[PDB]
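Below, each chain spelled out in residue letters.
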Amino acid sequence: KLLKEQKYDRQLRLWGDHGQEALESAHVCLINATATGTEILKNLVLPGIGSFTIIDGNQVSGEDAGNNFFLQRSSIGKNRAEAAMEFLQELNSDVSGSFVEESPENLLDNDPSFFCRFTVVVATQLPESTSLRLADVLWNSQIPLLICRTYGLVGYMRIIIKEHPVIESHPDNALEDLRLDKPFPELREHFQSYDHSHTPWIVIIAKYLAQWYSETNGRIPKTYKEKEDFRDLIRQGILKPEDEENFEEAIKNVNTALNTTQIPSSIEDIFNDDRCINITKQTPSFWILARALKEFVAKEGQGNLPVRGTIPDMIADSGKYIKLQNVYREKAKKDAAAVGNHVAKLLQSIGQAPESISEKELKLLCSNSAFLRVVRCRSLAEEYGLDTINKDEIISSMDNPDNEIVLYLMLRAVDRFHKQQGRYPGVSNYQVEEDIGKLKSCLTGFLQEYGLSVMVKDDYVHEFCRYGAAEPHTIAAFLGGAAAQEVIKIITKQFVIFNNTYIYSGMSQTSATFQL
Amino acid sequence: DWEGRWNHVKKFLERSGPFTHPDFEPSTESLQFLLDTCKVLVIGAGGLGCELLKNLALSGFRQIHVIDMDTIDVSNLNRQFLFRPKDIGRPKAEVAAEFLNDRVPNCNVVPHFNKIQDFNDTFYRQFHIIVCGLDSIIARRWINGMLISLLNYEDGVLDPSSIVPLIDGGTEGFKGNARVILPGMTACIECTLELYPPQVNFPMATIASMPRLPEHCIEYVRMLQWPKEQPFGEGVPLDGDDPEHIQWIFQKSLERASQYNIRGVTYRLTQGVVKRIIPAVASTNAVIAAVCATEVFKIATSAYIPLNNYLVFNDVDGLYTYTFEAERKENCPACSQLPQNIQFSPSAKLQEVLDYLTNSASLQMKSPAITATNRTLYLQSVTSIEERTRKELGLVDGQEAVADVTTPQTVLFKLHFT
Amino acid sequence: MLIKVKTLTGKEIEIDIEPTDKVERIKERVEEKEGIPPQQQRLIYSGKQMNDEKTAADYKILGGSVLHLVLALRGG
Ligand SMILES: Nc1ncnc2c1ncn2[C@@H]1O[C@H](COP(=O)(O)OP(=O)(O)OP(=O)(O)O)[C@@H](O)[C@H]1O
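Protein chains in written order, with UniProt numbering: chain S, 6 to 199, 208 to 253, 259 to 534; chain R, 33 to 405, 410 to 426, 434 to 443, 445 to 462; chain D, 1 to 76.
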């Protein structure tokens with residue numbers, strides 16, 4: 006019981022126990038179990054993911070056991086799906102593995118409603134026909150799809166989730182919400198209330222700021238001429259010759275400290291979203307909280323979001339720093355309830371009981387108020403639609419023949435070449451020559467069907483023929499790594515998923531996300 | 033060794049190509065060669081190591097050596113797939129090889145229950161390529177030296193066949209970085225030494241006088257309270273991994289927190305502070321390792337152009353990977369063909385040469401030692421320093445050179461600055 | 001002059017800098033908009049890694065040139 010915490014410690018320090026909780030309760034569906042699929046699942050099974058089900062219809066080929074760390078020679082001939090399962094199964098005795106000896110097509114036919122049992126479906130190495138067909142069934146069923154693909158040294162990976170809102174965003178570096186610019190009563194009262210180094214740098218700036226208010230009425234918002242001079246003002250406060263490390267700290271801080279309050283563009287866009295404005299019994303948990311926030315801003319929020327309530331460490335007396343901390347903590351807890359009320363009121367004007375939303379969800383939503391983020395993915399169909407193909411972005415990128423997007427087109431090309439031919443560009447060693455021409459005839463055929471006036475160095479055509487649809491492990495591995503994490507981001511609703519197609523190039527050892 | 037096995041590799045070795053590296057020769061023999069002759073050392077066997085070994089094994093490498101000083105610990109089982117709970121307590125390096133030489137038919141991995149600093153040039157000259165997956169900087173720096181000392185200079189000219197490609201891997205949470213090195217051509221580890229963040233170091237003052245964060249309490253109960261009232265007998269060190277130790281430190285940090293009433297002390301955090309833990313998960317390692325892996329295969333087969341010494345990775349907000357070509361500092365304390373012709377004063381003494389080496393953000397050496405011309413001008417490395425923990436006397440004796449340094453494991457080499 | 005310094009998550013913020021502003025200042029500009037302590041910023045313009053003691057001009061930074069925040073990591 007307490008042996009699990011010891012096990013997943015190093016990862017609990019990333020997404021907490023609650024993340025783990027969510028993860029340990031998911032259920033992933035890995036479509037094809039090749040190198041890529043296998044690597045992905047591996048990076049999930051270890052983290053302790055709830056359970057998984059491998060749906061593969063193929064049989065283990067020699068070349069399969071050759072690039073798979075979860076398939077031995079001994080398993081050649083058996084069912085790739087079953088075979089793989091048994092090995093990954095070994096990685097973690099706390100994960101429940103299952104398999105299906107049938108193909109995806111065979112399922113999308115005889116029983117589409119199957120994938121509704123899954124949290125996320127991860128499809129790997131799929132042909133157009135099947136990709137489109139699945140990315141659809143799943144889309145209607147409201148299931149998150151993650152299509153990953155390894156081809157030569159190109160890692161392809163497209164995510165498909167209609168809408169994915171996230172509260173705990175986890176951002177690397179953000180501006181503190183000290184809000185000295187638009188201070189609140191308690192804080193203000195705190196400042197009025199004022208061993209010299211033992212003084213929080215804020216107070217130091219708050220005091221010398223309060224003074225600058227009289228000798229001007231100003232705000233120090235001008236920037237270059239003022240902020241600088243404000244500092245000089247802070248130096249003219251150093252005690253008879260001594261220390262003032264915090265003072266100097268205060269100074270350095272003046273570059274930030276001034277304007278820290280304002281509602282983040284990203285949030286406004288949420289606030290202004292139709293889902294946030296027109297609410298219904300249909301509206302999901304998240305959005306209500308969004309409106310519940312907007313309402314706070316309008317009313318007792320006096321224009322801005324709730325106070326975060328966390329303050330950076332700073333050279334200060336023990337009890338002094340704390341008291342200051344509490345000032346913020348308390349304010350935050352109040353604004354907390356405030357937003358809490360609007361929530362209830364909303365939940366009421368809809369039916370769901372005011373206890374339909376936990377205090378935990380609330381106190382969290384507030385702390386990350388300024389970091390909320392929503393992601394909507396264009397259905398797969400829309401990207402393959404003739405009138406809908408976001409061809410502005412494609413061309414926009416192609417202004418550098420060495421832009422990862424080339425690889426995208428190439429795949430589309432190859433995929434065309436496949437539907438058309440029945441095999442991929444040069445699988446066998448002789449088909450190379452022959453196919454090179456045949457392939458280009460498809461790259462073009464493709465580029466015209468959509469009307470894309472772009473230049474694809476002939477080299478990329480030879481190259482892909484060279485790849486011979488090979489699934490190099492070091493590539494499948496990379497992809498399985500990045501993919502695995504996205505699957506988690508989705509399950510934990512804990513970070514920000516990349517948006518729309520992702521492309522990795524082995525040759526250049528470079529990547530790029532795309533359209534949206 | 034069986035039908036169709038290496039197909040996912042032949043296609044890059046048997047077939048010619050557009051982006052193919054110049055020196056590339058498309059052959060049917062290329063593969064077998066790699067499998068038989070190419071010796072590759074893999075430093076470290078945890079997170080990266082494991083992943084690295086796997087990748088290398090299935091890329092077409094047979095002769096692989098793994099070095100690693102640690103012994104498997106339960107808390108590795110969440111990302112170091114080559115280990116199982118039953119294997120706990122065993123030599124990482126050992127198990128690593130044990131498992132891999134089994135899962136992958138004819139692989140021939142050789143473990144080395146050692147810490148890289150145990151071997152000398154003789155040993156490393158053996159390999160063609162070396163990949164790192166170390167969890168410290170020193171180590172990296174150290175192996176960085178060792179790999180340079182192998183460089184052979186023919187009267188100013190570098191002998192191409194004296195350079196051992198060193199691919200390095202870095203991880204830390206969802207962020208990671210991978211680089212390629214060709215000591216004596218590409219920027220070394222010591223070159224891009226400042227790309228590493230500043231280690232958060234608490235001023236003892238606050239830790240004993242004015243705590244504010246739960247961290248400051250723990251750090252106290254560790255950095256001071258333990259060494260004071262010898263918790264588990266006198267002389268006995270603080271074994272970060274020994275529960276009863278942390279439990280105590282936890283308990284004491286819990287009481288300290290209460291004194292200055294700082295909330296936020298959790299066992300998990302007591303461990304964090306004490307062990308200086310770095311959050312990690314499979315996801316990331318997989319990525320970085322999978323990159324270095326490829327590079328090695330590139331370098332070894334020359335089937336593509338080796339990455340240009342750098343790549344940063346980040347999972348927190350979508351996927352992001354900047355790939356750039358770091359410049360080789362023409363004055364690298366390490367990869368500098370000639371000595372470090374750098375005078376730090378004329379009249380001003382030699383207390384001004386230790387503090388320079390020790391603090392200059394470009395050397396950052398740890399407890400160094402200066403040699404002159410061959411008299412020892414104190415080396416903190418114990419009784420040979422006391423006879424000199426002691434000056435403008437020799438502050439002139441040096442003339443106006446080739447004072448000579450060597451830091452405790454900082455580098456395996458002997459640094460020569462003038 | 002208007003330069004863009006792509007963060008470590010590729011956000012890419014825009015900045016106003018005159019070819020005389022020490023690199024050191026270029027960082028404060030980033031911290032102002034992103035809250036990224038200058039202490040832990042490592043800028044990189046076409047290979048060269050900005051020394052916070054030189055000037056934007058010192059590195060030939062001009063117009064819409066892109067700078068990259070970068071990092072090296074310890075773990076493994
Ligand atoms: N100087 C060194 N020389 C040889 N091997 C080393 C050296 N430093 C670290 N290693 C090995 O490198 C690996 C470091 O990766 P790992 O993520 O497992 O760190 P730990 O296991 O060091 O840290 P953690 O407790 O966070 O898992 C380990 O296998 C370790 O024993």
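I should point out that these hints are in silico values taken from the structure, not numbers from a laboratory.
Hints may be right or wrong, so weigh each one.
Stated by the list, open to error - Some residues of chain D that are not near chain S, with every Cβ distance over 10 Å (derived):
(1) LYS4
(2) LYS6
(3) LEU8
(4) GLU14
(5) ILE15
(6) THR20
(7) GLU31
(8) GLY47
(9) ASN51
(10) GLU53
(11) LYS54
(12) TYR59
(13) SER65
(14) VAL66
Claimed, not checked - Where chain D lies over chain R, by a calculated footprint (3+ residues, C-beta under 8 Å):
(15) 76-84
(16) 166-180
(17) 218-231
(18) 348-358
As the list claims (entries may be wrong) - Label-pair ranges, simulated between beta-carbon atoms:
(19) R:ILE170 to S:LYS475: 40 to 48 Å
(20) S:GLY82 to R:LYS118: 28 to 36 Å
(21) R:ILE120 to S:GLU194: 36 to 44 Å
(22) R:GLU362 to S:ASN418: 25 to 33 Å
We put the CB at the ideal spot given by N, CA and C, even for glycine.
Here's how the hints hold up against the structure:
| no. | hint | result |
| --- | --- | --- |
| 1 | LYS4 | holds (17 Å) |
| 2 | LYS6 | holds (13 Å) |
| 3 | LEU8 | violated (7 Å) |
| 4 | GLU14 | holds (14 Å) |
| 5 | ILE15 | holds (12 Å) |
| 6 | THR20 | holds (13 Å) |
| 7 | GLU31 | violated (6 Å) |
| 8 | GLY47 | holds (15 Å) |
| 9 | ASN51 | holds (19 Å) |
| 10 | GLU53 | holds (17 Å) |
| 11 | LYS54 | holds (20 Å) |
| 12 | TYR59 | holds (22 Å) |
| 13 | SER65 | holds (16 Å) |
| 14 | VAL66 | holds (13 Å) |
| 15 | 76-84 | holds (count 5) |
| 16 | 166-180 | holds (count 4) |
| 17 | 218-231 | holds (count 6) |
| 18 | 348-358 | holds (count 8) |
| 19 | R:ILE170 to S:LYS475: 40 to 48 Å | holds (45 Å) |
| 20 | S:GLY82 to R:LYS118: 28 to 36 Å | holds (30 Å) |
| 21 | R:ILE120 to S:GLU194: 36 to 44 Å | violated (56 Å) |
| 22 | R:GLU362 to S:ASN418: 25 to 33 Å | holds (31 Å) |
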